[PDB]
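Let's start with one chain on its own, the form deposited in one PDB entry, as structure tokens.
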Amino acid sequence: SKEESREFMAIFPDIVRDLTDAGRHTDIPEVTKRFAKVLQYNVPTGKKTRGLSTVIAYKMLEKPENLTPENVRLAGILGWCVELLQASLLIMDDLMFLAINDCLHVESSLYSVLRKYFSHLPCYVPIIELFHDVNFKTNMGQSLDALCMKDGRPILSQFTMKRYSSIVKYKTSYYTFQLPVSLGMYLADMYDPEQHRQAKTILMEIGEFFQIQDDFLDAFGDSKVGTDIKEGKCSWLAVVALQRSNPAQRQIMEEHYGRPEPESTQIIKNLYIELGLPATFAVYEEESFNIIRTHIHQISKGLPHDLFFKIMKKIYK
């Protein structure tokens, strides 16, 4: 809603003041002034889907009578901590020392925000541990992604659906889907590991569709102009292409996948069309939607079905 978006965006200026203009580090004003610009440039622009998802999750997990402006604001601050992590990850991926240090500094700042607003609450240690664990798992995901590339060349023998599913889970789904919902759960004082486990099984399945759709639209979407083929990325399209390819089609992937020449991108796009990847994606979208929806209906305990259907409608519709 407009009200949700506006109240969330209104928190950002207070976070910048907390990190750069709170009377700390008085001997190095040039660094804190510059850090405020780094935050202002890199963190609050474009869509804040992960941050707003944290507030939505909290609103639908908490007891209606506990949903106070103060508590919704705490959910918003957790949302901004997720956006500080998102900004650190985006900046690094765009860069790939002053630039690199800025990404580490943005990520490090979220723990200062957690200490200021949550150190006095029971959810403090669970939330800190969640951020630590998600950071470790994200690093493992980036490492698996990099093990699909040798020199500047994609290793197509590594492009298996099993490896693809693991990359998406660790590199993307944990911090994009699990982190917002688990933060909402902890702020609502839901600590039952079985509740977090059940949420995870669903959110990892939604996360996999989210990235497969992103991969499909990289090549077949209507105008950014997608560069997955050029960059030799382990994309769902490349994985399914290798499954469906005859030896002659496999040779085309080996020769042209991950080449910089615009003709090589066109050759791969044409092969994807020849292999019927658009039709294969259409079938996956319908079947995955139906399968996840069945799994949400089987969700027991005090987990609201409503939250997972809302997340689905955002991604699928």
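Here the rigid core means the biggest group of C-alpha atoms that line up within 1.5 Å when the two forms are laid on top of each other. Positions refer to the first chain, counted from 1. First, how it differs from the form deposited in another entry.
Comparing the forms between these two forms, the C-alpha position of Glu194 differs by less than 2 angstroms, with the core used for superposition.
For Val125, a C-alpha deviation below 2 angstroms is recorded between these two forms after rigid-core alignment.
Superposition of the core reveals a Cα shift of 2 Å or more for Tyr284 between these two forms.
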Given for the second form:
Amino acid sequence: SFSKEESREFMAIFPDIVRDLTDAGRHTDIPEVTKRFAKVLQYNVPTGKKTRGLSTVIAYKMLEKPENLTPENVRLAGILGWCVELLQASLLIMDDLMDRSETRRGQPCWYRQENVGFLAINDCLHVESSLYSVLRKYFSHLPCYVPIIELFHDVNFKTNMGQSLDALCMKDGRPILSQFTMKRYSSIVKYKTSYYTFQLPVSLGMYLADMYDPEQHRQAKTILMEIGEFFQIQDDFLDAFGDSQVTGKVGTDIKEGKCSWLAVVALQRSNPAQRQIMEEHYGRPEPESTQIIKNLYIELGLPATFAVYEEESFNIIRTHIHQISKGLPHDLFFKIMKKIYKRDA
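With the form deposited in one PDB entry already on screen, would you show the form deposited in another entry?
The next block holds one chain only.
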């Protein structure tokens, strides 16, 4: 899975989605806006790695009865995966505005383009609303239609709650370091990342396979939230220690005063002098201050701590998969974990 041919099949759907949203004989009185929206979609939607959309297809293929897999049902699963990518695209447009970011996917953040600015808020809302038009076109005659619409709206609401908890790291221009606990961290990640990134693809595949039992969705959730916590911890590590040419994004968490995994572990490990460095220099726009924090992270050994976590967490999650209900395919969870951890074994 996550093969070159699966990517080919998935990518082939995107031009049809753009046609559905911008050139299907609708809104023929406002071609200026529809032609612009095609450019919004081209810049912002297909420019990532598509792990969430591809995972929606893989989940469906592993949950559906083999006999029921047809080219037509697999294409439906691919359309659902593009609906997840429309949600991702929307969330990153708004996130980059909120985080004052420079680059995304190796190009300027959308809001930084000429004649965009705060119009990016509208483009964010427009890209998310688009997915419900796609759902109506392709799924309106199936039993899974309403549960899928409701899952997208509920996951959006949850993601908004997580984005708000993430944003509340700062008050009056200074970080609330005494509240930067691992408990707070885990709550932020659950809501701002794990539901939409990991739960949504798998629950979509379950619904398209006519699996409505809330206990099956809950058994999946326990594993998927553990994978999501690693995924966001890795993101946080790379914000400070990654190469922006490889990640496609310039880090901002130290300047923005975020309750990142690095900040939480730094506060756990700091002696009183190091805690005073955090108090003085964390969450400041001055470049000296951001470099002083990075130097503290190096002094505290946080890169080795992250490398240990990447190894240990893989093995803990693999053990937990073994304990999932016999009713769910254990190999779906192993495949997701292997892709996220960039391991074949």
